[PDB]
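J.: For reference, the chains in residue letters:
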Amino acid sequence: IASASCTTXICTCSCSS
Amino acid sequence: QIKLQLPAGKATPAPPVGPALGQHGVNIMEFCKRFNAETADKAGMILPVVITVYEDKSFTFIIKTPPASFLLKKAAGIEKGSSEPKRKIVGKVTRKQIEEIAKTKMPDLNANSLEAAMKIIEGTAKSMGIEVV
RNA sequence: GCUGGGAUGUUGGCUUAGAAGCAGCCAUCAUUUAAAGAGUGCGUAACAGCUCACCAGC
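Residue numbers (the entry's author numbering), protein chains in the order written: chain B, 1 to 17; chain A, 8 to 140.
FYI, nobody ran anything at the bench for these hints, they're computed from the structure.
Among the hints, erroneous ones may be present.
As the list claims (entries may be wrong) - Derived CB-CB ranges, DEER-like:
1) A/95 <-> B/16: 44 to 52 Å
2) B/15 <-> A/47: 27 to 35 Å
3) B/11 <-> A/40: 20 to 28 Å
Stated by the list, open to error - Here's a subset of chain B near chain A, in silico, CB distances under 8 Å, partners left out:
4) 1
5) 3
6) 13
7) 15
Stated by the list, open to error - Sample of chain A residues facing chain B (criterion: CB under 10 Å; computed from the structure):
8) 21
9) 23
10) 25
11) 26
12) 27
13) 29
14) 32
15) 34
Beta carbons are placed, not taken as given, at the ideal position from N, Cα and C, and that holds for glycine.
Turn these sequences into a full structure, and let the hints guide you.
T.: What follows is the structure, given as structure tokens:
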């Protein structure tokens, strides 16, 4: 339901490092 | 090089598209309008496209024929495949229908004969609880 | 042992946020093949990537 970089269907995913 | 199955005339959503290739360098907006451009000829169906992104973030993409499972679902008039293929049949299609799908997907199939093509399609139907009659 | 290949439907169906050979359940066909599992293990969030089966040359 939340994270950064890490799912397929709601909206987060990734985006730095 | 990314690949996904986007519906005919539709694109841009974050959950479905965006994040996906949007994290490889691709510029969503350009693809959405572009994809939805030629995906006009064939609308309503879910078609798989293979996006390719060059070092300069630019990109191209080939549009293929819709998945077998998809066409099959459509043909059997169902919305989902059996939850337990073979153990529970959730739909069925005529041998002629297999012929239609095999013909439709031919450009993406490697069969040397319409017979081999149908045998391929049948393999998919057998995997989603769809029978042939 | 070494090198190369290990392909197509297809990310199989379901499930799931995702579930793409590899969390889990069901199925495990077909094609093109010299050969290549609806995949042995590692791996990824899922992909990717590595590896094994299998085949070929030496």
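J.: Return the numbers of the hints above that this structure violates; sort them in rising order.
T.: Those not satisfied are hints 4, 5, 14, 15.
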